[PDB]
Structures are given as structure tokens and as C-alpha cells.
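One chain comes next, on its own, written as C-alpha cells: the form deposited in one PDB entry.
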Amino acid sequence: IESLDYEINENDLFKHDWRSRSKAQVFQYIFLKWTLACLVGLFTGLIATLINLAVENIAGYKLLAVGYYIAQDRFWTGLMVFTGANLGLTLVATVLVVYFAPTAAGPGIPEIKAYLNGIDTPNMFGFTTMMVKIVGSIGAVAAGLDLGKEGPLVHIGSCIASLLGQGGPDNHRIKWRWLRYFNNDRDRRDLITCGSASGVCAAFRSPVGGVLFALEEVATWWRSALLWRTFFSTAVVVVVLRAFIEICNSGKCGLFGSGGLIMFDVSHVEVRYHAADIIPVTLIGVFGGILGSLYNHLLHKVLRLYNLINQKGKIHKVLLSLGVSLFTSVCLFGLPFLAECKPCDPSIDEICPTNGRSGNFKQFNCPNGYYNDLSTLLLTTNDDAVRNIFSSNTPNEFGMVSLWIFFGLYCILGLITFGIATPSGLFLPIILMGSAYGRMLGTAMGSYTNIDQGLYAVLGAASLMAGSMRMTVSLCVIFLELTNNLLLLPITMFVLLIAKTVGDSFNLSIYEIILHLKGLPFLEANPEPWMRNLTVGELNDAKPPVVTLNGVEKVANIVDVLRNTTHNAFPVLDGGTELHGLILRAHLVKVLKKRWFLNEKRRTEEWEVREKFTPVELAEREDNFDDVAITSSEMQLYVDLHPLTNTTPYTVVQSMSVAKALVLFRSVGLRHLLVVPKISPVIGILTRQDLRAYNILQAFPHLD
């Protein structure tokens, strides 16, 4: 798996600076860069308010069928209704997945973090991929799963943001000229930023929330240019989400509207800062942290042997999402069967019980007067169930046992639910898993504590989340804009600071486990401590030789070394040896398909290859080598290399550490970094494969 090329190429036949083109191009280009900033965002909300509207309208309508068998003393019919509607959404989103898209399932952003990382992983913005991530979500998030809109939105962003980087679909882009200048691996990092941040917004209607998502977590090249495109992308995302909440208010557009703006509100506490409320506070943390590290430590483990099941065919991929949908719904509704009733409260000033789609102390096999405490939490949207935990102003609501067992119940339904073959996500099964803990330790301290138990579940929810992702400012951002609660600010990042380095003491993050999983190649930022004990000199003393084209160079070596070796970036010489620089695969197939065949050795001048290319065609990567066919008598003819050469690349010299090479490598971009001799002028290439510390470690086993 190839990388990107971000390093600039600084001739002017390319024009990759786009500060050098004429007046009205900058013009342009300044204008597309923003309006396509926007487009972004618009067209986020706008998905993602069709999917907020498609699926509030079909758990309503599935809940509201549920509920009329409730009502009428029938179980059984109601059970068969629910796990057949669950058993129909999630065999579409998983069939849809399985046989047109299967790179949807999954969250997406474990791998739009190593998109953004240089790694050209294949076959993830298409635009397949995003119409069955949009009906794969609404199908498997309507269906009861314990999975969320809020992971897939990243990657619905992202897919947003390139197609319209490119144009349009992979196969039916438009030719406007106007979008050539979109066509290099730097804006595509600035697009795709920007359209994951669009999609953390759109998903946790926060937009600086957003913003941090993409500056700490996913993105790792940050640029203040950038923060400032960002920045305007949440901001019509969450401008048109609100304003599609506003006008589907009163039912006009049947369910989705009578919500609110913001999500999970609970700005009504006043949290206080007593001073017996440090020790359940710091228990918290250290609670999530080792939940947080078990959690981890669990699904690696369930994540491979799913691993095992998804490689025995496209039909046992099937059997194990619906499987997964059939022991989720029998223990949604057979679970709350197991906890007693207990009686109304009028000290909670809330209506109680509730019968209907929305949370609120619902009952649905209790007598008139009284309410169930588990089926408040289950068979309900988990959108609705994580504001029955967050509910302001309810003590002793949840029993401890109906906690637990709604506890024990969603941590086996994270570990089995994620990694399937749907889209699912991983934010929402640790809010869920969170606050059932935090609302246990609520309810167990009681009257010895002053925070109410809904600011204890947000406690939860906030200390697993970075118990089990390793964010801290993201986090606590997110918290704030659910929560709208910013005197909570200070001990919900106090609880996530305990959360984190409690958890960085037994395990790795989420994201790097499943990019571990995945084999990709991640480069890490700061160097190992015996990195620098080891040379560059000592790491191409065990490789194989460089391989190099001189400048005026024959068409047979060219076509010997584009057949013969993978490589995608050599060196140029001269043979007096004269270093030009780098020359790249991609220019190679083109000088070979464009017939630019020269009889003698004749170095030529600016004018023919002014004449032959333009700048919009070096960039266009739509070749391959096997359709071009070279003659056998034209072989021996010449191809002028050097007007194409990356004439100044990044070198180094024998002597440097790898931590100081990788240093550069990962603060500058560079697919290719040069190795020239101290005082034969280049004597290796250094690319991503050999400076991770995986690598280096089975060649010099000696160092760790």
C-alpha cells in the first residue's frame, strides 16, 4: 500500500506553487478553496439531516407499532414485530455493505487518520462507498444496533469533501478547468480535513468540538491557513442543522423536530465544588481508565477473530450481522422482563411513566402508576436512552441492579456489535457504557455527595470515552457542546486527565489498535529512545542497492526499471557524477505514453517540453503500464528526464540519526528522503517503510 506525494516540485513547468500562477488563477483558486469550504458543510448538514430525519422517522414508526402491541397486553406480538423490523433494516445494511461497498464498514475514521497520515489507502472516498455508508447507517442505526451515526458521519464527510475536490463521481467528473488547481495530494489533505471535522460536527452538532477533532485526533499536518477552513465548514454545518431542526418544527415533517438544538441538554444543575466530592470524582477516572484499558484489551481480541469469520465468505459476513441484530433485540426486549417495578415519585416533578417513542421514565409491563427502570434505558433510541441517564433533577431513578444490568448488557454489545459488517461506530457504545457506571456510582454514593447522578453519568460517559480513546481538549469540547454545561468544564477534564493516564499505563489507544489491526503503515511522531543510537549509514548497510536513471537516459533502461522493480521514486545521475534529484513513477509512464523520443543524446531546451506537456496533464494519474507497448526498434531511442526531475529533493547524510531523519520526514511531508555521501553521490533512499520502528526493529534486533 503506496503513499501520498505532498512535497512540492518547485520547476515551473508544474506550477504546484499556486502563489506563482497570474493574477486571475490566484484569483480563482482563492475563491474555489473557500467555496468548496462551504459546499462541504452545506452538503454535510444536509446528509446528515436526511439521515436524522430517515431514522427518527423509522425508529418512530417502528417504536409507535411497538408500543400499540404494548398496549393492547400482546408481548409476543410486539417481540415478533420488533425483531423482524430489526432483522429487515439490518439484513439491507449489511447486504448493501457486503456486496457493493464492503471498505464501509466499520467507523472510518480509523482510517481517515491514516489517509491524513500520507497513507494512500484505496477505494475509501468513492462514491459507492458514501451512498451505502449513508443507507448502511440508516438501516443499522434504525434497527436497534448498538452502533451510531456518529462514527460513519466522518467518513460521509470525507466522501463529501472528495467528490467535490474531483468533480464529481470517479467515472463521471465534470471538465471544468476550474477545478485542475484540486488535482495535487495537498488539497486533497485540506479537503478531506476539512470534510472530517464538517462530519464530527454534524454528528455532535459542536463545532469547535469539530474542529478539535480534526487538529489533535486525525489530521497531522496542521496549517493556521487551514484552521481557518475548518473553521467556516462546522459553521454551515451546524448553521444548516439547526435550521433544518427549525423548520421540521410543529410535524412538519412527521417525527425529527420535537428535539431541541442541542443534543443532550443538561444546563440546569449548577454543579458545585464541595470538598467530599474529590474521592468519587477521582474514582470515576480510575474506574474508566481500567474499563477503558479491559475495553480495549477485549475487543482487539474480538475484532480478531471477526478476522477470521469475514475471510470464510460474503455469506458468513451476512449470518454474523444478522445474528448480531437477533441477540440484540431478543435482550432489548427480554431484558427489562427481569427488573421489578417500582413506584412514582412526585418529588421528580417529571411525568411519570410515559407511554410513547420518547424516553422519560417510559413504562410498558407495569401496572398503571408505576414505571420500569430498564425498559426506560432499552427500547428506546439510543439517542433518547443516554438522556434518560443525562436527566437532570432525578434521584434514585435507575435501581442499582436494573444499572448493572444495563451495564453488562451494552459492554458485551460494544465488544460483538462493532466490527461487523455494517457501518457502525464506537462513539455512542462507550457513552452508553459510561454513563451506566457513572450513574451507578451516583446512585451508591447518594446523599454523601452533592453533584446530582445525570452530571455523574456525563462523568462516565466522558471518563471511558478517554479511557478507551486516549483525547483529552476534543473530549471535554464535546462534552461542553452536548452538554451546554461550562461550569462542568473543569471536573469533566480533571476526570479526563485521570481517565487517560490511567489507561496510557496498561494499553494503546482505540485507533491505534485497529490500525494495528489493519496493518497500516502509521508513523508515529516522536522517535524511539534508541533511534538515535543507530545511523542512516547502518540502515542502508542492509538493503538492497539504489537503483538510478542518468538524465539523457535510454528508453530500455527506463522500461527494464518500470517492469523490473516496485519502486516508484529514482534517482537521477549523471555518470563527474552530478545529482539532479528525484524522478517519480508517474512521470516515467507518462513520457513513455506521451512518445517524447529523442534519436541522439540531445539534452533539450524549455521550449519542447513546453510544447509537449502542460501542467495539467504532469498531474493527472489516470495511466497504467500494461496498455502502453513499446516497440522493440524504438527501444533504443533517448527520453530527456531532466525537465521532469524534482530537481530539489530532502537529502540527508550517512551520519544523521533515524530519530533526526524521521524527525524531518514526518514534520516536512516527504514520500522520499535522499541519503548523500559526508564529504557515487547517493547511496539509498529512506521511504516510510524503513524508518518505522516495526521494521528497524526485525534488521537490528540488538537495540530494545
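Positions refer to the first chain, counted from 1. Rigid core here is just the name for the largest C-alpha set that superposes within 1.5 Å across the two forms. First, how it differs from the form deposited in another entry.
Comparing C-alpha positions between these two forms after a rigid core fit, one residue in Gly67, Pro649, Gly669, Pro643 moves 2 angstroms or more. It is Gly67.
Core-superposed comparison between these two forms: the C-alpha position of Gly126 differs by less than 2 Å. Superposition of the core reveals a Cα shift of less than 2 Å for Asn171 between these two forms. Once the rigid core is overlaid between these two forms, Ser258 counts among the residues whose Cα shifts by 2 Å or more.
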Given for the second form:
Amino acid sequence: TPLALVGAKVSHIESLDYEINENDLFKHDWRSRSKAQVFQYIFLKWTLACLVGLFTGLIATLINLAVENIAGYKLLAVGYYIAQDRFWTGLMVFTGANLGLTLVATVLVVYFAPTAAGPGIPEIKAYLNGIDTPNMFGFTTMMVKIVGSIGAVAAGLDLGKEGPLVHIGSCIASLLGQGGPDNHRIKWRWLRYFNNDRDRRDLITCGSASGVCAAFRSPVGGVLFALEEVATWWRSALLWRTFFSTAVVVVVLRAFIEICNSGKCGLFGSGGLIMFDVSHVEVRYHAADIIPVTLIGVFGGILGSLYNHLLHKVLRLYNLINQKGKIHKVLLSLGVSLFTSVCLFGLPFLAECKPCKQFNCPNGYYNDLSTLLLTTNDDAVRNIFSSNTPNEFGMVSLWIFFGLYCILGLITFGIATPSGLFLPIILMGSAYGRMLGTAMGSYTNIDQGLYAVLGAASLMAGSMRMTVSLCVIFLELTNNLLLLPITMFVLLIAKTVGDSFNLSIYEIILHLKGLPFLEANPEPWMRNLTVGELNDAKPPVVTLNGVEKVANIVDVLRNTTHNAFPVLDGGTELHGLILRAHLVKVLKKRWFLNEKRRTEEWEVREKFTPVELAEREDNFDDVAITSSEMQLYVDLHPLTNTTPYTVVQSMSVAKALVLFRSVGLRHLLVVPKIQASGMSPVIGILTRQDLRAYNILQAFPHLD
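Target state, the form deposited in another entry; input state, the form deposited in one PDB entry:
Coming up is the bare chain, nothing alongside it.
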């Protein structure tokens, strides 16, 4: 089924073309170019990687600067009325401003760019696997994701800018490889080297890693994020261009931190999670700390699996509300923001007052819950992470904080709004961490702010099951490399306890959206099934001849939806594989022949250049062919990929899947091993759909 979910939009799903056509007409290998053209490609490779890091760091500062200025002046308006002891007018100002900011973010998503809803990371993970996710990296998708995240984080919703920044950096990288938006591209001739799926995969890998770095000021952990979780294929040359892009981001981030520390960015200059200045120094290896630190890792895998189980149920319910229309998506976002505003305002009435933010109880008494609930989310993280504050938060007020963001983490992820998953899990993980550090009390020497850092890392390993990128991200946030063995100890337990119950949250969202992700290892029942038994449960192969009539090319373009056709002669010779995108091009160019001649090498080079062969902005329904041209002939030999990858009929599905994913294929031919004369030289085409364990188990149900 070529139908899946992209963002919040049901769409048509194809695959990407990573395979190289080795004909010199196409010029797919950059090593076959001139010596001057290689230096142009190398210089533009490293200029694009610098501009990706420069623009991701510049946009992340502007999102950081606008959110705390909108939410900073919004709390002054609510603070203006609570000083006059008017709590009922301060509630409506707080709820009304949060409803208007959520309305701006959610109307831009549903009515202008529905793929800008969510974090966008499970669709970049699908795109770098080879799945052509449409409307993902446009210019209007990026602008809605930027403005819809400023309106959502400043509205006090339980979400972060951490997730959307990974998609913004991937959108910047895709727009720089084309020369701008899709109908406003500059036609600079040097940009023709990047009009292929092999180079767009390299660009979006640097762009998604710059967004992880812009979210956490972590230039090493951003490269380890894309290497471990997001990207499928990797080499050491891509590893060094990616690491260059993330170091430009921390140059831009640290240069604008020095400016916004000198008070010239306003009175709300000093930003959020990247402005984290608490290093936990001289952690003391006391032997009685084995019991609480192991319980941090055990509770992170238990709560991380329970959060994955309940979010999988909430997102199934939200898919029913989303299919009721576009006005039902807007009411779901405003209903969450209404419930969030009355719970972030009404719940500090139930807290206790500790003796000397003053809220609802007179002077000499400050509210420990209004410190966390009535602030921004990135400032509430730094209060729980704070060191040398041994009993700043009571045990009762931390249970209310933990129980609220357990509820707000479930209902905010999935609304038609640019959402995130890092900051809801950090807020939920730091709450039970400092609860377990306060409950130990005097029987431990680990700081209670360090228990909150270890708790936020454990809930993220229990939910997302990434571990080596999470270690370096939490080491570059705290700026303490001596915290590695105690951080890696709780990521070990939380991933182990978490993997024993269910899958990661990114495998669940990829399964809910129906995106055909190809996993690295085959199932053990795939080794007992062969490729030739898989071709008997599917219709026969639609092939073309080497010199083909125009009416046969038009017939396979109207009556089928396949994108590759084997090229035969009709003993008979298998020439290779021609794509659908090249069959439309010869019908649009009208490179037609009178007789059944096979042309020469100079005939195709007058009609086609390597630039127009790489373009994909063609459509078959605009091509009008009369019956005078339906009897002519097209020579398909200069446009056929004459070296496709093949398997034999007795090859297993397990080893064909390993070949399909290691090389990065879209189509895999099946040739006969029977070796007889008068045989068809191709008996199957395998695609991504045929080699998925979800689809094989429905046409062969007796294998599980």
C-alpha cells in the first residue's frame, strides 16, 4: 500500500533513487568529471555545510530570543494583576494570551502546512532510510515550523523547540541544495552537482545534526545523534562534514550568548536550555549510593516503557479526531491549551508556603510550586537541575509537578502544533530524580540537582532507547566530562529495562504513520523462505523491449503505477532497467523513430544533456500523443541502467533484504537459476514493500 502519514497528512509514498547509472550520459559519478569541476563540487560541498550550520545557529537564536520575550512580557501582564490581588483577572489574561498564541500556531499548521505538526524526527528518520516523504522540506513548511514553535513554547504548552529544530535544519539544507524555494530556484550552474538523492541524503544528514546541536549546544552529541538514530547509511567522509556543520552552530550560539549576557538583547536576553550554567563538581563515590542510583535507572526504564505504552494509545485516539476534519484539529489544540493554562495557574493554590516568588500567601512565605509552574519550561528545568539548593522544593509540591507533566506530556504530543519530546521527558525525568534525591536526605552526598540530571537522562533512555548520543548530550549540557561513568550507568539500566517491555517511541510513531521503514536485520523465519516463493504470490513482471513502440510505453504509463521496467529483446537478452521518469522524458522530447533502428552514441547527446536528465519536474497527463505518433519507435538503450543488482530464484528473503539495505536499492531483479533456453531472463522485481516483515506475514501467515 502506497499510503502513509507524513506529519498530519495522509500522502502517497514512493522510494528514493540512490543507485548510480554508470552510463557517461548521466554523469552520476563525480570522479569522472573534469579536474576543474571536481574542485567546484568540493568547494560547494563545504560551503553548503558551513551555510547549514550558520543558518541553523542564527535561526535557533531568533527562536530563543523571541520565545522568552513573548513569554517574558506575558508573565509581566499576569504579574501586574496578581500584585493588585486580582487573581481572577490574572487567570483570564494568562489563559487568553496562551489561547491566542496557540491559535496562531495551530491555524498555520492545519491550513497552510500540515506536515509541520510534531517533532519531524520520525520523518527525517524515514527520509534517510530511503522513503520519499512528500511536502517535508519546503519553504512554507519551514516558516510554519519556525513561527508555530515561537507561538507554542511561549504559550506554556508542554513541548520544546528541541524537536522542531532538527526539522528546521533539515529544511535549510534542502533549500540550499536547490537554490531556494521550489518555484523560486536560482539557476546557478554549479548547483547541478547536488540534484540527486545521494547528495540530498548527505545535506539533510548535516542539517538534522545541526538541529540537535542548536538545541543542546552539543557539537559532538549532534553528530552522534544522526549516526546512531536518524541516518541509515554512513561513511567517514560524511562524518567530518557533519562535525564541521555542528561546530559552526556552537560558534554562533556562544557568540550570541556573550552578547545577551551583557544586557544588550533586552531585559529578557538570557535564554533557556542552552543557558545552563550548573556543573556538578566533585561527585563523591560513596558506596551507599549504589541503591539510589540503580533505582534511578530502574524507574527510568519502567516509566519510560509505561509512557511509550500510554502515548501509543493517546496517538491512536488523536488519529480519530484528526480525521473528523480541519476544524476538529483546531479545537483539539485549543482544548489542550485551555486545560494547560488552568492547571498551571490553579495548582499552586494547593501548595504549601515555605518561610523566607510570593504567590497567594503573605510576605515571609514564598510558594515553591509557583517557581516551577508559572515560569517558562526551560527556566523550570534549571531550577530542578540547580546545585547547592538542598531542600528548595518540598516533597508534596514535587509530586504535583511530576503528576501534572505526566498528564501534560501525554496530551500535548500529537496536537496540530510543532511539538517535541525531549523537554516533556526532561521535565518528567527531573521531577522523580529530585524526589528520589530528597527522600534519601542526609544518607547521601550526591547533590539533589545531580539526581535530577540522572533522572532526566534515565527517562529519555527508557523511552527513546538511544544511549551513546544521550550520554554526550548530557555531558556537553553540564560541561562536565567526569560525569560520564555515572551517566552511562543509568542509561545502561534504563535501556535494558525499557527494551524488555516494548519498542522505542520513534519505532512506535513510525508504525502508527505506516511509513515503510526497513530494519537492519532479517527475522529468523526469513531464512526459511526464498525469493522465488515470494514472486509466486504477486502478478507477473511488466517489461519493455529495447526498441519499443510508443503505444507500449504509453500503455505501461497509464495502466500501471510501477516506477521501473526491465528492458528485454524477446535466447532473449536482459538489457537492464529503465525508470518511469526517463520514459516520460522521451515522450515529452518526442525523440521518435520511423523504423526499428537502434541509434548511435551521438544521437542521444543532441537531445539530452546531463542537467535535464536529472530533473524530475515532469508529469505524464500533460503529454499529448496523437495516433500518428503511437506507431513510431523509441530507442530505450541509451537511457537504460544496464547494470542492476540481481539475485537468483533460490536466494532467501533474509539475504536479499541484507543486499537491499546495505547498497541502498529501490528495485532488485530476480534472474532464473534454472538455466534453460527459451526462458525469460527476469522472473521478478523486489521492492521495499516486498521485503517488509509486516507484508510477508500477511501473504504467508504460517511463519510466525
